[PDB]
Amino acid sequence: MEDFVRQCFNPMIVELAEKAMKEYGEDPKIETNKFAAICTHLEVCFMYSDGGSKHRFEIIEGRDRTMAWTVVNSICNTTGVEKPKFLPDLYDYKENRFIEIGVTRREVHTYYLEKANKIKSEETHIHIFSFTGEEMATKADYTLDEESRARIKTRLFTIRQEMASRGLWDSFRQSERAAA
């Protein structure tokens, strides 16, 4: 799975995923399913931010934690928006809300509810994607146009297929279940 990951995702994403795992004492060489999952989440977040007009989104995911919180603080102080209890992934300047992006090998609603109960926010928008083409978002407000979401859905299905091709999909799907 480690070698698959390193040829599936761009080096910039792979590098960000390794840094994030080390900060949590996780070895990318051993917890390779987590490694794939983290890269996938990064790629989706970056694809999503590209789906809007040029200036639309502040990107929080992929930043160093301290600077991430600094940018979050800048947004909150300048917009009035409630400060999230956990680091969100993007801030949407058009809709004026933080966005938590999820990617799940489980059902979208199960994951959605876990995320909603965790963050405890009446403001932060939640948008969940699956490896089956399903999506679920706060109030059925999907933020992006259909085209931008579809591209993301397509990419996730390709990753799933590329994994299944190598006999890695079953283990990858099961890993999230065991973790939860």
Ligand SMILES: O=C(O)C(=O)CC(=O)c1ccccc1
The other form holds:
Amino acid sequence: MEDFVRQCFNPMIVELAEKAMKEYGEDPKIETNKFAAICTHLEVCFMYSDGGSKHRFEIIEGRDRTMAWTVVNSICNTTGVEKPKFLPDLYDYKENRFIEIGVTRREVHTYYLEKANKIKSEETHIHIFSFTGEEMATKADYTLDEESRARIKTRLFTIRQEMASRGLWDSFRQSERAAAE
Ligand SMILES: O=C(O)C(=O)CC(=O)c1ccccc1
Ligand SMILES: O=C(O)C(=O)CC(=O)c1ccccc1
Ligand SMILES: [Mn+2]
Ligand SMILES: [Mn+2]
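Please could you give me the other form, the form deposited with ligand XI7 bound, since above is the form solved without ligand XI7?
What follows is the entire complex, opening with the chain shown before.
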């Protein structure tokens, strides 16, 4: 699984997933599934950010935490929007709202609600993608055009196929459920 991750995602994404895991004392060599999940989540964050006009999104995910909060503070004090209790993934200068992005190997609506309750914030938009091509957004708003979202979905499904092809997919779909329970 480890070797698969390093040739599936780019070094920058891998590099940042490693840091993210290390910051919390977790080891990518042992918890290889969570390693893959983090690379995936980052890739989706980046793609999502790229989907818009050039300066539309501030990227909050994939930074050192302290600098992230600083940028969040800047946005809140700048635009009037409420400070969220949990670190979001993006800010949308176009729509004037923070975005949390989810990637589940489980049901889109299940994951959506686990998130929605935890944040407990009306302002933060929520956007969930599955490895099977479904997506769910708050108020049925997807932010991006159909083209952008389709590229994301395609990419996720490619990751699933690539894992399945090597026998790593079952173990990976297992991990999330076990983590939840
Ligand atoms: O699993 C995901 O989708 C994450 O986005 C995970 C993440 O950011 C993280 C950060 C620090 C430690 C462990 C996971
Ligand atoms: O799951 C996700 O989509 C996250 O975006 C998770 C995340 O940011 C995080 C940060 C710190 C600890 C655990 C998860
Ligand atoms: Mn995040
Ligand atoms: Mn997220």
